[PDB]
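Asks: These are the residues of each chain, in order.
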Amino acid sequence: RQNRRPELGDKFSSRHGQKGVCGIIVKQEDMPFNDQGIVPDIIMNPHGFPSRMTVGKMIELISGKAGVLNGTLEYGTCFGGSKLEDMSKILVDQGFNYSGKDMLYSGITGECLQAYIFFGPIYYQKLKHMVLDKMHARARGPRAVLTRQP
Amino acid sequence: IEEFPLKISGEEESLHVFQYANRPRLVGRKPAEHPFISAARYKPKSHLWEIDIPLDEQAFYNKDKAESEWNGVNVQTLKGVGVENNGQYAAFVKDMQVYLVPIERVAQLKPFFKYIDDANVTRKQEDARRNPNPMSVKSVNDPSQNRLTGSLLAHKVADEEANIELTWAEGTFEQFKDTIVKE
Amino acid sequence: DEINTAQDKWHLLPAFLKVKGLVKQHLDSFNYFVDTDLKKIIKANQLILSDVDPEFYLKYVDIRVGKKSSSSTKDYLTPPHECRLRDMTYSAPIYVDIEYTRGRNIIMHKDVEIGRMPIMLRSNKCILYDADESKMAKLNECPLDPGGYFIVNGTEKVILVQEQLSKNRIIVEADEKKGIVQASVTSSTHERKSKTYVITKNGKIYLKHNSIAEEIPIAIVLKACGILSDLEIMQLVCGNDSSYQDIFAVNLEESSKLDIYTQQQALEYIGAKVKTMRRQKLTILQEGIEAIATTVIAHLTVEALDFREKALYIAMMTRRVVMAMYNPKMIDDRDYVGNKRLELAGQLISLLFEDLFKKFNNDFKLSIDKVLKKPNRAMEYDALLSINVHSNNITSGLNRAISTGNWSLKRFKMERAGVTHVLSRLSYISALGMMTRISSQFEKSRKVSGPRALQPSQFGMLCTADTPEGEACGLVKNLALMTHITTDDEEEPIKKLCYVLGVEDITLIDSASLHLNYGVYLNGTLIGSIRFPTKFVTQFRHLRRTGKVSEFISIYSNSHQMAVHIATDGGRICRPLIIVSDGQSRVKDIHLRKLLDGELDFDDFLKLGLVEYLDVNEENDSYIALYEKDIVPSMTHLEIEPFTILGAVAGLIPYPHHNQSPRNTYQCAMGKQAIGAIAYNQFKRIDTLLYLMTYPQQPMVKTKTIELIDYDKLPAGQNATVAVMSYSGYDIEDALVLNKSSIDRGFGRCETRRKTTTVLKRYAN
Amino acid sequence: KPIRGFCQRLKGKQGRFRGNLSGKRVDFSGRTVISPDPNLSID
Amino acid sequence: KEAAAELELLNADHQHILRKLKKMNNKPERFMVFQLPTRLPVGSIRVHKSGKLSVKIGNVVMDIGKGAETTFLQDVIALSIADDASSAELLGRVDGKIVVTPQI
Amino acid sequence: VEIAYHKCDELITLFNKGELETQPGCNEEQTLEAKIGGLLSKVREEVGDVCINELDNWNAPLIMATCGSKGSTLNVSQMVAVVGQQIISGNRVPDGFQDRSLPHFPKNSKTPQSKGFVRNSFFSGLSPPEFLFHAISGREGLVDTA
Amino acid sequence: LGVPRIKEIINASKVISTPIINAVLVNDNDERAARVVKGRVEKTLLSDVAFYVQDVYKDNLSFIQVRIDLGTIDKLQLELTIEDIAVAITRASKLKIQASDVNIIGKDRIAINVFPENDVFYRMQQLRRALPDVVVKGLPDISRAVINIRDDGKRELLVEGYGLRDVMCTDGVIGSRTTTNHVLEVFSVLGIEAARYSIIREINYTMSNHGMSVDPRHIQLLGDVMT
Amino acid sequence: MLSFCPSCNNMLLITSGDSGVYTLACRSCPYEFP
RNA sequence: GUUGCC
Ligand SMILES: [Zn+2]
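Chains as they are written, first to last, in our numbering: chain R, 209 to 358; chain G, 626 to 808; chain P, -3 to 761; chain V, 2 to 44; chain L, 71 to 174; chain C, 515 to 660; chain H, 2 to 228; chain B, 40 to 73.
Hints are supplied without guarantee of correctness; some may be wrong.
[To be verified] Derived DSBU-like pairs: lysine-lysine, alpha-carbon spacing no greater than 30 Å straight-line:
#1 L:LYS90 with G:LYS807
#2 P:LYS306 with P:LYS163
#3 G:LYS632 with P:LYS491
Since the hints were made in silico from the structure, they are not lab data.
Build the full structure now, drawing on both the sequences and the hints.
Replies: Spelled out as C-alpha cells, the structure:
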C-alpha cells in the first residue's frame, strides 16, 4: 500500500475528452480571486473550445453554478435535460452574471483584469498513467543471453 | 341475406387428383380436352402413379428414328409422386346444395422417360459380356458402424414391389348418388 | 400530481430494468443451460454398449447440478469471496442417476458424482441469488456488484458475447475481376459445417462444393432433384417477358451436351465424380450414393422421397444470381445488421461440453472391456468403482477452457482463441462496460473499411457513441441501454399456423404464377406462396399482440423482390416499441398511472398489447415515431424514450447532444480508466493492482443513465472550481494549473494497492 | 507449432536486419512524460 | 395508397366467384377443390350486404374470408381409388379453386 | 435555410416531369445529386458570412481566428449558426435500407434534412435523428488514420 | 490524385488505374467536324449500328442475317463504307470461321453462312451472341472519349485507354502536343528523355493540389535516379 | 429461343436430315417438324 | 513465447 500527492506530470481529464498534463503547481496567493474570496482550483487555457467544439462543457458550467447556489442537483440528460433560459434566472436572482461570466482581480499585481473570466465548478475526474511508475533510466544494466543487446 | 347450406359426406374413399405439368387448359380461350388414358400403374408403400399416354402416328411421329434406336414405340409414360396435406376438400354443387369430401393425396405428374432409361441398361449388359472378368456368410451388428437408412432406403423399397394393373373406367354417377343419399 | 403520457413515459424505463437488469444476456443463457439444456444431451448420448459380453449396458436417466435427492438441503458450499482469495474454483458438483447390470440382476444407483461445474455469480444456482444485503453482509460481497463472471482458480474472468455471420441462410456477392458468387453456409447440429457456392464462369452458371471432387453444372443438379422437363427450369428461374431468358438459356444446352434428358440419368453424373470419403464398408450402389449426395448438401432442408421442396430452394438461390448480373444494384453487404447473429454465453459453452462429455464415456468404455476380458472376472464384478478415475476429465477440461481462452473443438475442428478476458476492476463502470461488449470474428478483411465503418441501421440497437480506437477502431461495439437478445422458440407450429391463415402448399402450385404472386420464406425457404399479404400480415400481428404466438417473430416484407420473410431462429438483436394503431397512440395514461401505483410491472404491458419487440428487419417495414407531438395518421411505433441509444458506460456524459461527435468516443476509452471506488468491500479483497481514492465526490450535473446503475453511490472524481483563462504560459495546449493549497487540503489523494504471493511447495523427498 | 529455422529469423517482422542490425537497442537512455515551460530558453 | 388496391380486387373477387357458383348449378359432373381450416377450437355459404361472402361452419365460429386465388395452366382431374383393385374411375376435371380463411 | 429548402423541394419534384439537365460528364440521373450538393454547400457559406461581419469585437473565437493561432471561419460558423452537411468520401450519406436512411423518414424521400443535412447549431442542440448523421463522419475521421 | 497516385509512379506498375491521354485538335470551332475524330478513335461497337439480328431458313440454308441502321451513320457523324464491316467480321480471331464467305445483298442487308457431331445447331448458336460484340472501326483498346471545354474556347479530346502509338498516327489530331499519363509507355514511344521529364511533371502535379509545396529540385533528383 | 417441344417441353434441335435437309427434331421424344 | 491497452 502507498499513497501520493498529485504533483505535476499526472493526467487529469474533464469527462468530455480534454486530456491534460499538470503543467506547474503554484502557491495560493498568485491565482485570481473574486469579490467573496474564492480561489479557483484548476485553470484551463481557452485554446480548446474553438477547435474541439466542446460546447457541452460550456453548458455544464452554466447548469453547474446554478445548482449548488439553489442547493439542488440538476438533470443534464441526453437529447434534452435542464434548459438554459430558466437556468440563467436563478443565477441572476443572487447577484452573479447572467452568462456565468463573473469578474476577477489579479493575485499577482492586485488590480482588475481588462477582460472577464468564465467561472465556476467543473467535474474533474483523475485518470491513470501517473508518472512515478513511468520514470525509467538504465545506465549499464542487463544484456540478453543470445544477442547481448539491452 | 341468402344462405347456401353445405354438409360433408365422405369416408373410406381416398380419391386423388393428378396435375398435368405438360398440358395447358385453354387454346385461344377455349379449353381443350383431357387425353385418353390407355392404362395405369400403381405401387403401394411408395404411392407412385405411372400413367401411360399414346402418341399420334406417322404424321408427327418420325418412326425410323424411334424403331432404330430403342424399339419402344407409341408410349409416353409420366410419373407423379403422391404427397399428403390437410384440408383440400373437393365439392360438387346441387341446386342450392353443395357436398364435400376430403382428398387424401395429390400427385404432380412429370414426364418419366421410360425408354431412354431402358436404352442404356442393355448397353451396359452387352459391355459386361464382351470381356467378363471374374461366398456369403453372416456378419455382426457393430456399435461403431453405420447402416444405410433415411431417404435412399425409400428408393430401396420403391424399386421392387407389387404393381397393380388398373382397369381405367369412366363412372361418376355411382359415387354421385352415394353422396346424395347420405346425410 | 396530475400525470399525463406526454413526459411521464420515462417512469416505465426503470420498470424494464428492475425485473430485467443489466447482465441480461449473460445470466439468462446460463440459467437456460443448467435447468433444461442438460437433459437434452444425456438423451443424445445414452446407452453406451460393449460388443464383448453383450448383456452389459449403462444408460443415464437424468442429470442435475447442485442439490442432492437424498438430503434435499439447499446446498453445501464455499462462499465465492472466501474462494476468490484462495485460488480455488467456485464450483458445485454435478449429480446423475444411473442404472445398469451389475450381475445377477440390474440395479439403479442415485446421486453419482461425475464433475464440478463452475457457477457464475448472480446465477440462480449460487448463494448470492435473491439476497437482501443481510446474508450478503455475512458473505462480505458488495450489493452493487454486477455479477455474471467466473472466478476460476483465483483471477476472475468472463467470456464475451461473440457473433459471426448468419448461418443457415444465403447472401449474394459481387466481384469485378473474378465473377460473382453467392454464399450459403449451413450447419446441421452434428459434425457438419458445410458451405455451398454458385459461380458464373465466363457467362455460365455453375456449382461447386467441398465434398464433390470437381464442379457440376446446374441443369444436372435440378434434373436430379426431380424437375426434369427443362421448360420448368427456365420457368422457375426467369419467369416471363424479361431479359433473364437471354442470359440463362446458355445453361440449357449442356444437358444436350451430356445427353441425360431424364431424372434417372441425372443422379449418377454426380456420383461418377463425387469425392469418396471412405466409410470402409463401401457397398456403393451407383444409385444410392447420389441420392445421399443430393441429401448432404444445403442442410437447411432434408427430404423423405419427393425431393421437391429441396429442388426449388436451389431454384430460388439461382434466381438471385441472374438478378445480380442484370444490374449490380441487387447486391447485399455482409455487414448489414440483419445478416448478423449475436449468440450468447450458455448456448456457446454447451458446444464445449459435448467434446468433453463424449470423451468421458468412451475412455470409460475403454476401461470396461479391459476388465471384462478376463474369464474369472465375469460374475460379481461392479463397474462403478472405476468412474472416479475418469471423473475429473470434465473438470480439468473446463477449468483450462476458461483460464486459457482457446477452445479445442473436434466436431467442427475449430480453434477460436481469445474467447475470454480478465475483467477490469480499475473503476466501477469499467467492471460493467466490459460486461456489455461484442467481439467480432476477424476474417482477415483488414483492407475493407466497410465493417470498420458504422451503419445507420443501428439507432437504439447497440450503442453508437462507444467504440475503442487504435488496434480496433470499429470492430469493438457495445450494447445500448434498452436491449434484449432473442432466443429460438420452435418452427413446426407456425408452419401449421400459417396454413390456417389461408395459405396453400408448394406441392400444389405451378411456377407459372409464384413470380406473379408473393412468397413466405420461413428461415429462407419458400413454403406457402401467399398473395395479398397486407390482409395476411396484419392478421398475424393481431395474434401476436394478444400473445397466442411467441413475441420474438419478425414479418419483414420487402418489395424489391416479390417475397416476404419470417424469422424464428433466435440469436438476433431487438428492442421494444409502443404500438401506435392510428392517429392516436395506445399510450393511455390511465394505464401509466396504474404502473406508478405498482401493481403491474413492465411485463403486463406486453401481455395486454401495448408494447412489442422490433428487430432490425421489422424496422424496415415500420414507420416509427419520435414524439407524441409528431403523430401522423399514417404513423406507427412511437419511440419509448429517445436517449436510449447510448450504453451504460457512455451515459455519464452531460449534454452529449451539444458537443462534437468524436469528443464522446475519446471519453468512453478513458472513463473506463478512471480512479475512484470499486465496491463496498474494497478494503477486504486481495487482488493484483487496485487504485483507490481518498475523498470522492458525486458529480454535479447528473444524467438519467447514471441513476439506473447507481454510479452516484460510488463515483469517481471530484468537482473543483475551474476558471478558464491563460496563465503564466504553462498552459499552451490542454495543460492545466492547480494550486499548492487545495491538493494539500486533500484534492485527489489517490492510493495504490498491490498483491504479491508465494507458495510453500512440498518436494519429492 | 511451426518450428523456427535459420531462414525464419534472418528475415521477417524484426527477426534480423531491422531489429538487431539496422536499428539496435542501446544503453544510457530514459523516458518520462513532457510538460511545458516558457521560462527557459530555446536549445 | 396501396392498401386500397387490395380490397377492391377482393371486392371484385366476390362477383367473379358468385357468377361461377351460379353457372355451375347444372351439376354437369363439374368439380372444384378448396381447403378448409382444420384444428377446430356443415355451415352455410351466405350473401351479406351488397355481395359479401362468409361461412359459419362452427356453432358460433365465423369464417369471413373466402377468395378465389390461384392461376394455374394445368389440367387437374379428380379420380377415385379403392383397395388396390379394378377401381380406376375418371370423374371430372376441376374448374376453379377458392380458399377459406378465418378472420382475426 | 428555409429558402434553401424552398429552392430544393421545387427541384426534387421533377422526376414525374422527368427533366434532366445533362451536364457534360455522363450524369445518368445524378444532376439532382450534384446540384443539391452544390446548393447545400452554398447555404453553409453565406450563413458563415453573416456571423463574421455581423458581430462585435472582443468575441473570443473571433479574436483567435483573426489571428492564425487556432480555429477558422468554418469552425466558428459551426458553433453559433449551423454545423452544415456531413460528407462520406464525397457522398451525402447514402441509404441504409430500402432507399432511406433511418426509420424516422418516409419511403424513397430524397430530401436533405433526411439523408445528410443537419440544420441547427451546437448551441441550439441536436435531434435524435440528426445526432447519428454527425456520428458517422465522426467515425471515418478516426478510420483513415488507421 | 493522392496516396494511390504516388504509389504507382514509384512502382512503375504495368496495369495503371485510369490512364487518361490528352490529345488536342487541329482547329478551334465545331464546324460539324470537331467531334468527327471521336468516331474515328473510339471503340465503335456494331451493336450500336445494328438493330435487328435474326436467323432464317428457307429449306436447306443455315445462314445468320444482320441489318444496319443506315440513317444513324450521319447522326453520330462517323464515316465508313459497307464493305469494311464485311472485312471486320473475319477480323475477329475469337470466332473461328472461314476467311471469305461473306456476300453482300444490296445496300444494307448482309448475311454470312456456316456449314461443316451436331455441329450445325451449336455453331449457329455460339455465333449468335459472339457477333454483336466485335469492333468494326476505331481502336481495339480504348474505351470512352469525352470532349470538354476549358477556360478557353479550345477543345481537347480525352481518351481513357492504353495505346498511344495509334492515337498519334490518325488524322484530325496533331502529334506535336499529345501529353498523357502512365509513364512506362512513354518510354516505349518517346525515347527515354521524355520519360524522365514526365515523372517530374506528374509528381509536382499531384503535390500542387494538396496544398503543400515540396520543391522543383527534390523531384529532379528523383527524376534521373530512376532513369 | 422458346423452342418448346409439345408433350415433353424439353428443347428443339436442328437435325441434319436426309440428303442434308434442315429438319428440326429433339432427342428423347419422337417428334419432328420441317 | 502469446494477448490486452495507451
Ligand atoms: Zn420432344
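Asks: Confirm or reject each hint.
Replies: Structure-based check of each hint:
| no. | hint | in the structure |
| --- | --- | --- |
| 1 | L:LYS90 with G:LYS807 | holds, 26 Å |
| 2 | P:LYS306 with P:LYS163 | holds, 18 Å |
| 3 | G:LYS632 with P:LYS491 | holds, 28 Å |
Comparing the model with each earlier hint shows no violations; every hint is respected.
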